[PDB]
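What follows is the residue order along each chain.
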Amino acid sequence: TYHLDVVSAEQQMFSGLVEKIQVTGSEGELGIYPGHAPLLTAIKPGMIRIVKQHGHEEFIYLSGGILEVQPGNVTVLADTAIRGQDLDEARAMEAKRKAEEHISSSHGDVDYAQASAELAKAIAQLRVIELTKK
Amino acid sequence: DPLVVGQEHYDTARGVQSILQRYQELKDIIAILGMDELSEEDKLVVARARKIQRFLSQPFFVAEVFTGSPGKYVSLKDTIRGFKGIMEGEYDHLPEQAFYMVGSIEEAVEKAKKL
Amino acid sequence: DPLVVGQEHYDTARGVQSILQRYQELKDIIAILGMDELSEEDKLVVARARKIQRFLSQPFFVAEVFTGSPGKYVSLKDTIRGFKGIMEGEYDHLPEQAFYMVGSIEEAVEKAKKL
Amino acid sequence: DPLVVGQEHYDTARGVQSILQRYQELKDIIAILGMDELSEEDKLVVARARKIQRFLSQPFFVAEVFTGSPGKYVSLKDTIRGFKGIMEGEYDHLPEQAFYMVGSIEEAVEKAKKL
Amino acid sequence: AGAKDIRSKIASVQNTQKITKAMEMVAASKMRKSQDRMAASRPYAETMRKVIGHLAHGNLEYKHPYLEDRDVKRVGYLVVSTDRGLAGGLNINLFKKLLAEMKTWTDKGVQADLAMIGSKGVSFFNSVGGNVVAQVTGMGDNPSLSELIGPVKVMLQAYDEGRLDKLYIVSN
Amino acid sequence: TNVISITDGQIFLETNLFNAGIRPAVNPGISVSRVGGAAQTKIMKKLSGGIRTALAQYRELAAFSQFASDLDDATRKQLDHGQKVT
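Chains as they are written, first to last, in the deposited numbering: chain H, 3 to 136; chain E, 345 to 459; chain D, 345 to 459; chain F, 345 to 459; chain G, 1 to 172; chain C, 343 to 428.
Since the hints were derived computationally from the structure, they do not count as laboratory data.
Idealized CB from N, CA, C, for every residue including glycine.
Hints are not guaranteed to be accurate.
Stated by the list, open to error - With a cut-off of at most 20 Å between alpha-carbon atoms, the simulated DMTMM-like pairs for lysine to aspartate or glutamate come out as follows:
hint : chain 1 : residue 1 : chain 2 : residue 2
1    : G       : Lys-18    : E       : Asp-380
2    : G       : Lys-30    : C       : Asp-350
3    : G       : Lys-30    : C       : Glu-356
4    : G       : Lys-96    : D       : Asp-380
5    : G       : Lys-18    : F       : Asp-380
6    : E       : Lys-371   : D       : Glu-384
7    : H       : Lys-46    : H       : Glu-21
8    : G       : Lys-18    : E       : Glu-381
9    : G       : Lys-18    : F       : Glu-369
10   : G       : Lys-21    : C       : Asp-350
11   : C       : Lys-426   : E       : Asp-372
12   : G       : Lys-50    : H       : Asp-81
13   : G       : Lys-33    : F       : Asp-380
14   : G       : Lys-33    : H       : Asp-88
15   : D       : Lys-421   : D       : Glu-432
16   : D       : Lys-455   : D       : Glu-408
17   : G       : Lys-9     : E       : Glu-385
18   : G       : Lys-97    : D       : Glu-385
19   : G       : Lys-9     : E       : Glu-369
20   : G       : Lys-21    : C       : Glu-356
21   : E       : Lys-387   : G       : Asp-83
22   : G       : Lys-9     : D       : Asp-372
As the list claims (entries may be wrong) - Some chain G residues close to chain C (C-beta under 10 Å, calculated; not the full set):
hint : residue
23   : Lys-18
24   : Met-23
25   : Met-25
26   : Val-26
27   : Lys-30
28   : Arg-37
29   : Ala-39
30   : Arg-42
31   : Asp-141
32   : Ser-144
As the list claims (entries may be wrong) - What follows is a list of derived Cβ distance ranges for each label pair:
hint : chain 1 : residue 1 : chain 2 : residue 2 : range
33   : H       : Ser-28    : D       : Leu-377   : 56 to 64 Å
34   : G       : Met-25    : F       : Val-418   : 35 to 43 Å
35   : D       : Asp-380   : G       : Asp-36    : 25 to 33 Å
36   : F       : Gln-361   : H       : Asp-90    : 26 to 34 Å
37   : F       : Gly-429   : D       : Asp-380   : 22 to 30 Å
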């Protein structure tokens, strides 16, 4: 099949051959296939499903970044990414507590422009923490 | 010793001695490695010691001809207060040359303003 | 003395003397730190002083038996011209080995062509 | 010297000297940079140098009140044979504490069997 | 002076030896800890240099100034340099190569610009008397990914508006 | 030299350590008693070895005191302990 490379300014999150992947996007989620149509796009707060050889998935949090599909070997660049068991349900629930406070504590437009991103971070974590259980 | 001089004077003198000894060690480092290589604590000690070194200077009456300047007399109380002032922060901001052959600490600020 | 030798000879001698003295002053820094710490003008002083030291060497006829290389006789004008050229930097592009045991500066440049 | 003690003794002593000198060099690397820097051949000379250093220990008949262990007398041929053995890489596999205070190598192999 | 003075001199040299050994060990500790940061940063940049492989060659490629080759009249260099001395012949052996290349362009009249990180670059190129468009100093142990942006802010704004026609990075 | 050779031990008092505020001014590591722990009571004999070794470690770490901000915490502990014993 094909090779996937996942990196962030802090660490290399993954590197190796993979069977298929489902990845977040700017408008909506997208599934990549071997030899897929080459594309590049920014990604909204979410995660990526890494289904490797023999069908074993792992779940990587992608709080923000860009994905590249020009070659057969694909590439994910992450402004912030967290490995699926360094995070936990308690951490996403703390993010939920934070975001639900800031929604009540943001009252203008600029501060809501920040609280909405805080909420998006919390929601993407609350999503990946559930996907992690598979 | 404290039984004569009192603890005030004894503590002031021992403090001055310790500061100058430490600076005499730091000066050797500076001469080759440069003052940028020191700890910031050691840099501050070097600064304040190099000030104390000049504050010990005093223009003398009898040396009027040599210094072309009038000589100064200082009381013991004022001397103690001046050296306490340099050992603490009160005059960290004056240059070194502001102390040289001045007189009291109360006029070193004046030389600094003139410098 | 400028009256007997004239000004060019005197100035050349005192220039050589000054550069070599400054090289003595730098060698104690160089011994501990190495040359890389020197200023870019100090490095030029060293680079010229070393060439001056080499250019003072000379093959002697009585030293033909010891060295195996033909002896050299050098007129005073060639000496003054050569050292003035070295100090002015006319030859800053030649290596040090070009100056060792050459009779005159022309011989230094011919040696430099073959290093 | 070979003409006095013979070539076997000379080579053995020179080998021990070289290994301990190299170990004293590699201790500097182990301090400044750590064991990760150390190659698998340099790890071997460290592992052998520790065993050579401990095999230099010996219990004295006069020290028995300190060590609580009976003293040993080791003949020259036996000590040469032991250090030559360790240097040639036989007995490499024993623990380094099998060599400490043991005596000759034939007793180090007995100590390792129960250590 | 006499034996008393000579003995004092020997004491000073011994003190210097100890200090110049302690800051050898401390320096080695920093060099390994910074090697960890380098080894962590390496994959992200390597992947980025693979990503620009797409921009380098494909079949359909839109316009973008940072990718369009431009006729050259003015070139910029970002020079990284030390906050600290005693590094030996590190800075100058970089700076002479920089000056050789800068002289090579200046030979044909192509203009050049410099932006610096680090004190010694500022001092050296102010002594040579070159241009300096932007600056940052005080990086210490490790600068933040955001705190060095001034020089690249100006250099990118210069390549956007055609103030620059090439941009270079210069480092050991 | 004669009296150094005759006596059983030496207490070196140092001017640098006296100007530096170490009032007893005893210079360790160069001062010595060849009688040692035989002269000493059981409690003092038990406790004093820690002081001996602590000042030994302090002497070498004093060179790092200028830039002890970047050190192993074990070494930092040894240095702070040497200072507080001194």
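Hints and how they fare:
| no. | hint | in the structure |
| --- | --- | --- |
| 1 | G/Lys-18 with E/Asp-380 | holds (18 Å) |
| 2 | G/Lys-30 with C/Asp-350 | violated (47 Å) |
| 3 | G/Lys-30 with C/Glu-356 | violated (37 Å) |
| 4 | G/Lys-96 with D/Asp-380 | holds (14 Å) |
| 5 | G/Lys-18 with F/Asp-380 | violated (26 Å) |
| 6 | E/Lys-371 with D/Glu-384 | violated (26 Å) |
| 7 | H/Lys-46 with H/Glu-21 | violated (23 Å) |
| 8 | G/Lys-18 with E/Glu-381 | holds (14 Å) |
| 9 | G/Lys-18 with F/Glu-369 | holds (18 Å) |
| 10 | G/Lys-21 with C/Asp-350 | violated (36 Å) |
| 11 | C/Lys-426 with E/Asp-372 | violated (26 Å) |
| 12 | G/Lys-50 with H/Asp-81 | holds (17 Å) |
| 13 | G/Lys-33 with F/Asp-380 | holds (14 Å) |
| 14 | G/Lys-33 with H/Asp-88 | violated (23 Å) |
| 15 | D/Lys-421 with D/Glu-432 | holds (16 Å) |
| 16 | D/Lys-455 with D/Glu-408 | holds (19 Å) |
| 17 | G/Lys-9 with E/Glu-385 | violated (26 Å) |
| 18 | G/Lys-97 with D/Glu-385 | holds (19 Å) |
| 19 | G/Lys-9 with E/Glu-369 | holds (13 Å) |
| 20 | G/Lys-21 with C/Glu-356 | violated (26 Å) |
| 21 | E/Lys-387 with G/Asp-83 | holds (17 Å) |
| 22 | G/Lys-9 with D/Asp-372 | holds (13 Å) |
| 23 | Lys-18 | holds (5 Å) |
| 24 | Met-23 | holds (7 Å) |
| 25 | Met-25 | holds (8 Å) |
| 26 | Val-26 | holds (6 Å) |
| 27 | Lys-30 | holds (7 Å) |
| 28 | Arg-37 | violated (15 Å) |
| 29 | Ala-39 | violated (20 Å) |
| 30 | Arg-42 | violated (24 Å) |
| 31 | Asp-141 | holds (8 Å) |
| 32 | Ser-144 | violated (19 Å) |
| 33 | H/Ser-28 with D/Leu-377: 56 to 64 Å | holds (58 Å) |
| 34 | G/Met-25 with F/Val-418: 35 to 43 Å | holds (40 Å) |
| 35 | D/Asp-380 with G/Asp-36: 25 to 33 Å | holds (28 Å) |
| 36 | F/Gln-361 with H/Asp-90: 26 to 34 Å | violated (59 Å) |
| 37 | F/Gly-429 with D/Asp-380: 22 to 30 Å | violated (49 Å) |
Violated hints for the displayed structure, listed by number in ascending order: 2, 3, 5, 6, 7, 10, 11, 14, 17, 20, 28, 29, 30, 32, 36 and 37.
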